[PDB]
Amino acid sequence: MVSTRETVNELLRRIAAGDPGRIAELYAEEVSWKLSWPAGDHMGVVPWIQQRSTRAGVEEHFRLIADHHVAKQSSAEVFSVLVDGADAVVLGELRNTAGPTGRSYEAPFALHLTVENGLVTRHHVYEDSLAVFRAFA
């Protein structure tokens, strides 16, 4: 068995490296995936904001979010990683540049993860959706 913290550290490494197939390898086949965003299509400006429940869906998310950002001006700064049993919360800030508009933005985020059998089963993002939306609108 691998600790929750080690599993979370590996996920954060793979997310920062960016490859969607390699990130999704860390998720269970079925994933509880939630984003602190309203439902709908948001006039098309944030296409990765959709409902997901599968490893294949997770791979699609990380593909889309990469395609919509300038890779060399985008990153997530992690301030702390809290771990309690099988759960963890990653606290940080998105420092990204939106591809279509060129606007840089900062968005605080908390990422709540659950791990079982070394795989991520839950990935719930709480982030400044207003700031992200404004950067792409």
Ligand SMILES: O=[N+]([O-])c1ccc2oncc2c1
Second form
Protein chains: 2
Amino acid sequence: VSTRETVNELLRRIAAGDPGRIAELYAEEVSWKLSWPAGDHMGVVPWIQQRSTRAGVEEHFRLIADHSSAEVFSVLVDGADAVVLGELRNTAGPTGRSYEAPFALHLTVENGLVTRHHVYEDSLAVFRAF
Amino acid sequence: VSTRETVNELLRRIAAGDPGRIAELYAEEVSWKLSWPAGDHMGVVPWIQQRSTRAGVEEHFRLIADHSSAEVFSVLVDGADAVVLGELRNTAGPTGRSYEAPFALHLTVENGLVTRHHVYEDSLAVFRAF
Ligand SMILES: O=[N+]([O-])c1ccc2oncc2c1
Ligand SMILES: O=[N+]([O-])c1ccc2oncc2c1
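Same protein, different form: I have the form solved without the ligand, so give me the form deposited with the ligand bound.
Once more the chain from above appears, this time first in line as the rest of the complex follows.
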């Protein structure tokens, strides 16, 4: 079924929290990218690290939940590709500092499965929270 | 004419540099957003500041040129809205430090004019270059 249907189902599963069910939406192999410097992968902001498979995606959603709300402004869809436009308004577990990060979430869907997850977000604001 | 045609014309005018001609593509009033913290607008990275009108957009393109290449991976179009996905690979004028920032450029087009320009990019990588 559709690219847009797949994405809306992803947003609702993400809003609902269960990481295993979130990962169920993801392809076995996943292209995972983040607008964070190479050298700061697995740095002070802990989820920032490279990922490659569904199980990796699962561990990611378990980890943002360990270390808060989110608004979705729009969802642009153009074929197999989509961009979720919103804002993260969370608070960093360790430092206690509350932060807001605008994000654009780029997704690709093939056969109802997410094959790409590329986050573009205010990396410096998140970083200063940690 | 189309949303996608308008955008491709913007990319080519940007690649060609002339700021006045770049701004000619922009609406009189423009919604201008950046994935940078509020408190760092007009900070050490100098173009990071709020903008509101065509002339503001023009000064922006004069300023990134004062203070290097760019690749466009894709352009997603969904109605009046588009997202340009690429990477900035420039080098900071003052510090000499070379940087790479992935970006997603969100655009809205109305009557062939850009009314919104919302950049989502690796703010921390740019920031560390300055
Ligand atoms: O879930 N994500 O795609 C995601 C990925 C990286 C992030 O940094 N800050 C919030 C955030 C969210
Ligand atoms: O031109 N832009 O939309 C833009 C806006 C903000 C930027 O920060 N680093 C590169 C960059 C480019």
